[PDB]
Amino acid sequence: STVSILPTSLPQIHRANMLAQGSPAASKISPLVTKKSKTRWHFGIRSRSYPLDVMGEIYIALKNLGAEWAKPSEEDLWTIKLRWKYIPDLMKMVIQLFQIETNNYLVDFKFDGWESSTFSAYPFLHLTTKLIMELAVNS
């Protein structure tokens, strides 16, 4: 095999050769450093407010954004079964409230299809972005 890595193409050797030449840029121009920081991902969003308070804020935000929702019974109060406009045109979502700890709650958002194996979550991702922002503005 005569397949190799060209030594002069490595940044260390290229910089060193430029330095030896006398070029000012060799000392002054630094390599690009990209801080690839590891993101902590979560499902949905967290709130320290209590259930009725949190649910109220979501419904408020939902109303201002133009969503409609089903009437919840006593057995599913912490579940929002909503529909949103954005050919099936109405997007369905299920929002669910969970308790993490005593004072800590997690809001769960779930894409639930469209109304009149292979699908794009992007319309859902965009609308949830709108919703999350509306929730931030109101706080």
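Shifts are known only where both forms have a C-alpha. Rigid core (definition): largest C-alpha set, two forms, superposition within 1.5 Å. Numbering follows the first chain given and starts at 1. What changes on going to the form deposited in another entry:
- A movement of the C-alpha atom of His14 reaching 2 angstroms or beyond is seen between the two forms when the two forms are aligned on their rigid core.
- After superposition on the rigid core, displacement of the C-alpha of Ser27 between the two forms amounts to 2 Å or more.
- After superposition on the rigid core, stretches of three or more consecutive residues whose Cα atoms move by at least 2 Å between the two forms are found at 1-34, 117-120.
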Contents of the next structure:
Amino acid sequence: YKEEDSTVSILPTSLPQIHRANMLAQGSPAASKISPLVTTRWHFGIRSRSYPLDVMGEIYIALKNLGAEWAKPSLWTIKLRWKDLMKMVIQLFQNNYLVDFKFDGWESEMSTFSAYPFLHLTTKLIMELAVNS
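Now show me the form deposited in another entry, since the one above was the form deposited in one PDB entry.
The following holds one chain only.
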């Protein structure tokens, strides 16, 4: 604590405990029952400790049903187009695996302008997976 000719300060009767104490000393039935109020882990893409085929499959499954479309492969990379058409790219990584979702443009920075749209469709795609499994 340090302050000179100042006259700015914290009103002592507003400190939680003190006011709590005074409320109790006044003896209000409700007061004795009232308690003070009390109170992430970001991860890259999506993790899954299951076979990379059953993962890759459910992704395509969930997709087709959401209206999305993908390119002809020949792999663990999906180059999709969703809908202007939004481009997106899915990658599988290595057991234990991670699925990466990356925004990739539009058709029919710009990335920045398409921050929510992207996150929205990726949200829908996750919930679709969830229900399936």
